[PDB]
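The residues making up each chain are set out below.
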Amino acid sequence: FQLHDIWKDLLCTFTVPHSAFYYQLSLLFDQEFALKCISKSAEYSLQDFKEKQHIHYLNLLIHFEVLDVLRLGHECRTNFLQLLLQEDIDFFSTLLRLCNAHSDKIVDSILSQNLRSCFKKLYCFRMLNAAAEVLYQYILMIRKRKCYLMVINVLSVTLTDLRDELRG
Amino acid sequence: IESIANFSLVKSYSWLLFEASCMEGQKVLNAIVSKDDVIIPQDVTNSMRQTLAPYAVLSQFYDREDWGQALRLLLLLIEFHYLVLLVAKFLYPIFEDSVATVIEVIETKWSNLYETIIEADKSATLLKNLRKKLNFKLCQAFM
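Protein chains in written order, with the entry's author numbering: chain E, 777 to 781, 807 to 818, 821 to 833, 838 to 853, 862 to 879, 884 to 895, 901 to 913, 917 to 931, 943 to 955, 960 to 971, 976 to 987, 994 to 1008, 1025 to 1036; chain D, 553 to 560, 567 to 585, 590 to 597, 603 to 610, 616 to 634, 638 to 655, 661 to 675, 685 to 699, 707 to 719, 725 to 744.
Don't read these hints as lab results, they were simulated from the structure.
A hint or two may mislead.
In silico PhoX-like links for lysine-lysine, alpha-carbon gap of 25 Å or less [unchecked claim]:
hint, chain 1, residue 1, chain 2, residue 2
1, D, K585, E, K998
2, D, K734, E, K963
3, E, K998, E, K962
4, D, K698, E, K996
5, E, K962, D, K734
The whole structure should be built from the sequences, with the hints applied where relevant.
In structure tokens, the structure reads:
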């Protein structure tokens, strides 16, 4: 097929005439061939089409990197991305960590909003790299020692207060 | 040096301990003869400290072992300026929760001889220390 250039879908694809074909094959086998073809077409192409392709690719990869790619692509339908990230939430966290390591607007805001929706605090703090300190202080208002220590490390007025509180 | 080795009042013993620590940081029969020791380190005192230092160097020569050694080093610094600087230097060269706690305690704990030692190590210090701490915090966050 690539080298060159159910009945109803075939008719539609014929009427259209590469993207449509891979989309149809993907839908038909929905598996390895499907995913491969869909991914290839999506790569060759790069409002509705883009979103559909991205969702398909992300789902296929999560079933079998792709997250960050799709995100950066779409950034350059917000609620849709919110739902996608909602589905993403351990692997998603790792991917996010990788992206942040690589870096060292809308995306950041959506991410913060989703994270805000131990674990939560850690995620928020990792993402922001002030909100962390506020959350910790609110929660505090063994656990005490850990919280105070974490705050002190993060800051490095507040330190003296924390030390005095731990000593009292 | 041989006479001092033969001798091994409290201040003198402390000085001897510091010298031994410096020598270990720089790095025979007496050392082998010198080699319970772990429990004393967690807690004659100069001797126990020196023995703890030697075990740490031995572990260093030999990832988890390195972490245990670093923890021991942090524990020693808390018990005790030059030592802290040497510890920081060791930490920078190496570059999870307990480690972060120790680093925090060290930052909380944090003259000419110390600066000279820092200059010798480099061949500003506090800033490098803060940077290293930030890096370690980032590493802990990533984990």
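Checked hints:
1. D:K585 x E:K998: violated (37 Å)
2. D:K734 x E:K963: holds (20 Å)
3. E:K998 x E:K962: holds (16 Å)
4. D:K698 x E:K996: holds (20 Å)
5. E:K962 x D:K734: holds (23 Å)
Checked against the numbered hints above, the structure breaks only hint 1 and satisfies the rest.
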